[PDB]
Amino acid sequence: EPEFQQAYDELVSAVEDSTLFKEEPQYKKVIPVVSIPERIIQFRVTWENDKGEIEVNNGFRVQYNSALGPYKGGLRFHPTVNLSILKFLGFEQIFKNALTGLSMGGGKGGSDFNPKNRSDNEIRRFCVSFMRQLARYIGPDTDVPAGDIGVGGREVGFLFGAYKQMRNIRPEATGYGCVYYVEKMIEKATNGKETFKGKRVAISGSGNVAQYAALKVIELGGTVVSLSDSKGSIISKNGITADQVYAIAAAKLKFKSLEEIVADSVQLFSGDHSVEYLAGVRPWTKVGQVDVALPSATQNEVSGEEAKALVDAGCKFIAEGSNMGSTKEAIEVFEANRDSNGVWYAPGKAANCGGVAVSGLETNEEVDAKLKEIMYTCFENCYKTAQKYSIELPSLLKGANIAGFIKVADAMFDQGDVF
Amino acid sequence: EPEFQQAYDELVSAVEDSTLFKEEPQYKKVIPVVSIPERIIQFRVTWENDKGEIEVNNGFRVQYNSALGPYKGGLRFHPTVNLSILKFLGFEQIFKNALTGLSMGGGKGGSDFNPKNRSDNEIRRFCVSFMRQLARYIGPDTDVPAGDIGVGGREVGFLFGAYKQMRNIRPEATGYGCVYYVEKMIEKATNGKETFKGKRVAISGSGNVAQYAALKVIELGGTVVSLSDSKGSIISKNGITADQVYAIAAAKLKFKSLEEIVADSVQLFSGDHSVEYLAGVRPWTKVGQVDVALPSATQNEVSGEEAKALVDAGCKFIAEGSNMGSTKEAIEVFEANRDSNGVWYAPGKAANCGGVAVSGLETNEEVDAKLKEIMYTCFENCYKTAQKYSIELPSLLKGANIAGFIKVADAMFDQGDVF
Amino acid sequence: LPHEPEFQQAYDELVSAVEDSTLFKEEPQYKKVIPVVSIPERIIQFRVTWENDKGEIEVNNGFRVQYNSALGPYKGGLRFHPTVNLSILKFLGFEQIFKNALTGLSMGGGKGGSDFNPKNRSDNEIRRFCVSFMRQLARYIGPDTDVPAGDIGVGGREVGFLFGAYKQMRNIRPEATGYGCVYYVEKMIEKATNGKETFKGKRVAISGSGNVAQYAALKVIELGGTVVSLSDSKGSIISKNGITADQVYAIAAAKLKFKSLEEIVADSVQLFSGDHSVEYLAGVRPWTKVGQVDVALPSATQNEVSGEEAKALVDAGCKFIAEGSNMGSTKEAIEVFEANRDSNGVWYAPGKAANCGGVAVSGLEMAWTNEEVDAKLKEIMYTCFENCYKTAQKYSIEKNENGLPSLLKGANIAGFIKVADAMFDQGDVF
Amino acid sequence: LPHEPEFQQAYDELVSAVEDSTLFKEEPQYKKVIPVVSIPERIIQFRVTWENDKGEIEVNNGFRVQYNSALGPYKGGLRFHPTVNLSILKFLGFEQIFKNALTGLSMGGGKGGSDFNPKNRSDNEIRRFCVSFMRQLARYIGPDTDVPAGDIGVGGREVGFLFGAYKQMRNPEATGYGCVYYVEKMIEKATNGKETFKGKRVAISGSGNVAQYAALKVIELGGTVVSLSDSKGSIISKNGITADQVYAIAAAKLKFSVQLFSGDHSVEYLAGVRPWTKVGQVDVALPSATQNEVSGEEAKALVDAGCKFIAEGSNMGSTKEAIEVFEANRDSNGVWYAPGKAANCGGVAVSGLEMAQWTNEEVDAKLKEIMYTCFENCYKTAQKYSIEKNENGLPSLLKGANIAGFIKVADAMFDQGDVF
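Residue numbers (PDB author numbering), protein chains in the order written: chain C, 6 to 173, 191 to 384, 395 to 424, 430 to 456; chain C', 6 to 173, 191 to 384, 395 to 424, 430 to 456; chain A, 3 to 173, 191 to 386, 394 to 456; chain B, 3 to 173, 193 to 277, 287 to 387, 394 to 456. A prime marks a further copy of an entry chain.
It is possible that some hints are incorrect.
To be verified - Keeping only pairs whose Cα atoms sit at most 30 Å apart, straight-line, the calculated DSBU-like set for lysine-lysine is:
1. C:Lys121 / B:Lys219
2. B:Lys56 / C:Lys169
3. A:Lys278 / A:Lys56
4. C:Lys121 / A:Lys33
5. B:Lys56 / A:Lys444
As the list claims (entries may be wrong) - FRET-style restraints, in silico, Cβ to Cβ:
6. C:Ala301 / C':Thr85: 56 to 64 Å
7. B:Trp394 / C':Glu405: 26 to 34 Å
8. B:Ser362 / A:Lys253: 51 to 59 Å
9. B:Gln387 / C':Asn173: 28 to 36 Å
10. B:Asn54 / A:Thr147: 25 to 33 Å
Worth flagging that the hints you see were computed from the coordinates, not collected in a lab. Ideal placement from N, C-alpha and C gives every residue a C-beta, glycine not left out.
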């Protein structure tokens, strides 16, 4: 289970490389307990396609930790889904929810069911079968699933219908929250002198996180210099416009390559705001001078090589929109140059918690303001916690890890789950 | 999951290399359905040792297939236990129970909890915690666990106490049944002329299966020429006596090496019935002329090399006491020389089903007779089924595999679990 | 099919109202819903055995029709009345689906009760029956599953007994409906006359004398109309100056004792003979016996306006009709009213839109002062009227038919569309 | 009260049979039971939504009538047939109460099913409906609560699908043989042992399970099966129908043969006609097709044809006028009528003994014993409470069976405080 093991190693090494276990050695007891999920449920999901042929998939619910509240997490319908990936995701979710400051436990679930190029009837039949097999283990006071990759309004509606028969404002949250967190990062690191205004921001990925992160970077006066997808990156020098982002969203809903989308809308991507697409390359090295980096595509998408490239490019802020976007080497690079070059790295579990925070809160202005405040409180928590337990700018990695760990561990001790 | 995958490959290739899918192609639908377990439950088991320190283990219940009846299977408390091994064991258990002719589904569970060198209080605390975490998913009409490696009368008593507070004749079965199956094998292959009388029988392992298999070989007039354990084998030429077997049982209850047991009881193992111990070697090559081979230790303990050695040694009957004791190459060797050299191989899922059959039936004479008849019916089933679907002595491997598959698949079709 | 005439009438009304529009042309997927929604999700009959004060065993039937849960938990009353059977409760729950839909509240459709006759029953017998009935029903209700409320035969006392039994086992209303109906007709008049006219100075013919009719008449008075009639199972009463509030309260107090209108005009000679005298016509409905009349509010029972009486009302100058009772107008009456809509400006509104005030206030009960609740009911009925109007216009087959739009088709289609969208989202229809 | 004609016929038959007796005089407490037991303890209607092979949505009604549990858990079949509604299932469950009572087994009364039509449906469609129906019904059944079994439209395949759905969620000759055994004891009593089924002309209607195995048992005992029928026509023979013809008819009716039906064993098919008038002189009549398949005219025709024994294989096979005819000629011409609730209880009795679970011989012997005990019970009970009290004649088996079942159910209901 390499992805989970990488996340576990990041959190553990961030906690041990601190005064936490020296100041309170009781926290030493928590590591082997919390890291083992409270419950995992695999189940066969048998359904019927439109051809009347039998289809079989695996469904999972990883209820990892409930110390802070009921298990909370998404459902992912995607062929890449297995116990290992969902273990990694739920493990991250524990501390992500901890850092949102809400009473939300950690969990994650889903299925290797592939809804792409599937009729609405086939999706409905799978949803019915999956919810019939899963409803035994969820509820509002037990386990709250939400939508994720492959589970949208349609899937949620069908799932809800099955659940009901049996028992007889999200899209921008993550990206906006990430950008608000980096807003507070810049504000703190420069004593209020600098903001996102006039900051070159290199973003990877083209999904929900990256899209709305770029939109908020634009709104705050930054210049979005890059996006990417599974096949290549796109780079601009004037900054990507909001109209280009909306077009990319509409086209990615059709599952179209960035190559094909800049081909199909030449006028929007070729005028004053033209963009260059390089296939098979990550944007980090291909953007020159850049101030902020927001990897918002997948895990391990920033190598140590690319981290050094970003540092040499004048990058002073990096925050993960995606889950565990930076490799171990990239994080080592960023942290090594923290006190010397002022390059500040923030892990995903703190930056991208906006989505799950908004889900926990579930008008547009009220929700946006509460998410803003939640991300600001999360940043202050990471900062002060890193300062309080600093062995030697404070490390936001260690800050976030220790903060989430401490909240979860205090809960677990109070409830006698660790002793 | 290599062990499960090996078992799956054995069953699948045995079924495809037959007229089954040609005579009834509907059975083609079952393979991808049955092989995915109906439900798997992982759960943290938190308990307290005598030192007041917190211990954590993983507990599993693999409810693989319930088409023939409620899930039925053992609980194994041993550090080697994980989802993969229990998947392999429950997958085998499906068809093993199918071949017992009883209405028993397939399942297997347990924990990596190591009860060795553990106080009765620590075992009790773990049992309480494990049953509290597992009772949610078992019952007499849902899932019946029984005892296995690491779960004995004491563990069962503690588990039962926890279950009761919450809801407010086995040892010889497997070996005796295996030997009865080989009795019918010899009787059929020689038109009643030959029995176990005067047959040199090479047995591996020294646990429950091997012990009682050797005792029944003795009782029927055979000569037990070998036993083994994790460190070495022991070989005799006059045949191992019942007293030596009882001594080895008493000593293995103390977790003592065969080396150390033949050291500690020189008089019993050095007189007329002396035995030679060779460390780090399997007995198959070191016994000379041998008629019957009963691997009763672990999976993949007979290589193709050792299979050819057995065939060259005049071995005409091989039957697995252990689960999947023969490697793919060994089975290929045995089956290749079946029609030419008359060497007959029987897979574990048919030979060692005696234990689970007796558990399904749950005086000594009545139980022994019913187990005898169940194994005889199992042999007749394997034989006639192999004959009915022979592409070209009939193959008992293909016989047993196709018989179990057909019973399970007919159940699954009747219940609409496959279509 | 079993003989379910009232349910079938309601079903035919809704179906024909939906088909006679561009709805199935604009979105043909809605074609699938009719045969699905019309079959109740669940019906529970159960024997209710209880004991009278003489120690003798009494037996009744109890029913719960949980019809549709697409918009929310089943919501509806419990009716303890000897006329109650599966057929009537099917009709009522079917109406309840769309009635709740038009309140704009997240309330499913349901209705239940028993043929138990609480008339001439001691409090102890009522308590014993409530205990037995609730012990037999509680397995199938809950705050997140099915919310029963009070209706005919189920009042504060019955609700108290039922709740006590439920609690042991599982371990303002009266004016809402009539006031809401009259508010709906207020918006009808206001819209049909471009704000020039209200209920002020309107002759309004009401049938029935129960809670619905009583408070409808009271609200007609308050707004300046003249209530020219009331009625009951035995006869009608007609006045020329309008029935007074004191007369309505007297009829309410006496109807609590199950007194005929003849009996009550005999018992209170002084109150019913002065300037505000009234003539009692036995065995007759008031529609033909009130002369020229502007508004008609049948608020007694189903099928209480015949086609003859509908034409009589039209000839009497009736320009507004809205059902206080469930399905008060016969199919022939509705045909008459709708035929005179575009020509004579005769506007008919079905019960499922007009009488939803009670269940709307009950839904707000699930979620205050008398004034606040009255305002919220006022708002709900106004939104219900606007919805019927705008929806009828949106799906009018007669293109830009600049006359009056059909409120029948409006209400039916609005409730249907909300329910069907819910059922599609949840996979109850596909 | 709703229009429930079949239920009302069954209720009226039982009530009038009980009142025309000394029962309410000797023990007037039973007067209290009639209005209680006749009201079902519970009825559950539910929508059953499923999907046909074209992917289109189909909707049906499913019912479970748990009528009376005084003697034990609700027991009865599931019927999948378009004619199925609340009224028919009320009628069937009401009959089932006393039918189970007369088996002497601790079995309550219940019946369920759906208007689902399995006729032109693929196994996939039948599976989808069975899954949907069982998902909607399982909440209200159980081994200690309510045990459904097979009936019209519910066979091995449907039962397999239903059981599979239930397992995922909660994690043949009996009737006809029993009917023939009952008529065996009828003849044995009416002729003081001199006559049996040997050499009796026996006219059977229907061609389903009941009629088929009734004809086979008549053959085994030496009788001559002179007719069969179905919803579309009748078949008549004069030499007697052979067992092979019955097996052929069974195989073909499971699928919904000139040589077998043209030799010595030739048969005449009369379309659109019931066999009662078209068999000439006949001794025993076994209506085994559907309810109300013997009109008063056909009953009088049977009596004039010398029929002295009539027993219902189907549920309530005789119309009220036919029963009046049979009972009127009882004391004079020795015409003996036995209602279905006593004769056709063999199926549910064997189902209850399988609930208790045997070889074919053991089950056949216990079914024989149960039917013999049922006949003796009807006889003795009719005699004990006979208002007539004329040993110059035969006692009413109708009143016998009705009063016996009523008494057992009512005593159970009294003991448990369900009546007082």
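* Unmet hints by their number, sorted upward, for this structure -> Failing hints, ascending: 1, 6, 7.
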